[PDB]
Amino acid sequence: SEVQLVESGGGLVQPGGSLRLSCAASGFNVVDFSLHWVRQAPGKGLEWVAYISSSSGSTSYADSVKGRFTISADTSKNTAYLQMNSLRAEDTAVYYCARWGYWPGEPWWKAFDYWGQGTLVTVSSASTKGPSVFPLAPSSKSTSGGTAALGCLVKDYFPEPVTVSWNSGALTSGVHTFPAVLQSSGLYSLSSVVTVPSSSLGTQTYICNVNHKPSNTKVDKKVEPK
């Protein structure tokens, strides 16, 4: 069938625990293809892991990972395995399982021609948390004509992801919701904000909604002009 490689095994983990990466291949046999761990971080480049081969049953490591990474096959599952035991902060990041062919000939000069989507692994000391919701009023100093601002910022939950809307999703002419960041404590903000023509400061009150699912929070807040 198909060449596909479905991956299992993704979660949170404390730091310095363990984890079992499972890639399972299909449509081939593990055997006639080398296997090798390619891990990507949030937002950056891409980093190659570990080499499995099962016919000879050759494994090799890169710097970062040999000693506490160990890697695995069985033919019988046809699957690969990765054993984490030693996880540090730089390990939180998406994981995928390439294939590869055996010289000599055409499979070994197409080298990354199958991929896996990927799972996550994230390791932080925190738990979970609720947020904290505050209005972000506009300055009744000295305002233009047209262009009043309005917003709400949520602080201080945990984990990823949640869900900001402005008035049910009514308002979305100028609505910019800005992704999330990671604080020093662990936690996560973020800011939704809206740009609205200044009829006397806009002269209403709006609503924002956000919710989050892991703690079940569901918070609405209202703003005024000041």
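Heads up, when I say rigid core I mean the largest set of C-alphas that superpose within 1.5 Å between the two forms. Residue numbers count along the first chain shown, from 1. Compared with the form deposited in another entry:
Core-aligned CA deviation for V38 between the two forms: less than 2 Å. Core-aligned CA deviation for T205 between the two forms: 2 Å or greater. Core-superposed comparison between the two forms: CA of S124 displaced by less than 2 Å.
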Contents of the next structure:
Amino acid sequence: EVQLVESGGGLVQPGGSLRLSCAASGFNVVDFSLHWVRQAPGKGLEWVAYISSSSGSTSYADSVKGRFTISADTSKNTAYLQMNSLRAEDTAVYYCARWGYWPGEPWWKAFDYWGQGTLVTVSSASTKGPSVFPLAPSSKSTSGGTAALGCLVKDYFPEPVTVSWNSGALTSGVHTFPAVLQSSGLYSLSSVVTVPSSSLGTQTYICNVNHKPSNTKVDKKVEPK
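Given the form deposited in one PDB entry, corresponding form deposited in another entry:
Chain only, nothing else included.
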């Protein structure tokens, strides 16, 4: 079965270099042209480059010309994309696609088999743990209805951080927000829970914050005001 596979994504400094590799199985890269479509985080798809190893027709998008170079080692049945001189807006998920040659139905189908996409991160920041800060509610926070409660998880790097309340006991009303990229290149995140009134139910709520790429497991507590 035809099945594309990418590899080579990760962290690089602005201006560095990187090598993505789109391994293929099933079909051969001789009978098909392999493209690269990237998708910036929270944006739409855009075409980047392609190669046609049957002839050799390496073309590139206008924003990556002179900075990317696409190769295809058909003895390995893979295709490569050499990304060097990487700018800051080059962080995205790079998919690898497949397009058949003209004439006939192989061309009339567009990219029909995509890869799973590999994520690259162009940043000048280093790894650091998060500083969990409480979002404490006051006693006047709608005394009678429900009172929101959360904790702020900011100034951390790299991306993945998961947050749970009371070691997974609180799953109702827990909203964990997508990590926004702060102005200093760091990430900030908030996770809130809507627990009812009457002294917040008199439970000592804790938000369990663990950041595995920095081995930080700060579990701060939240108290009313």
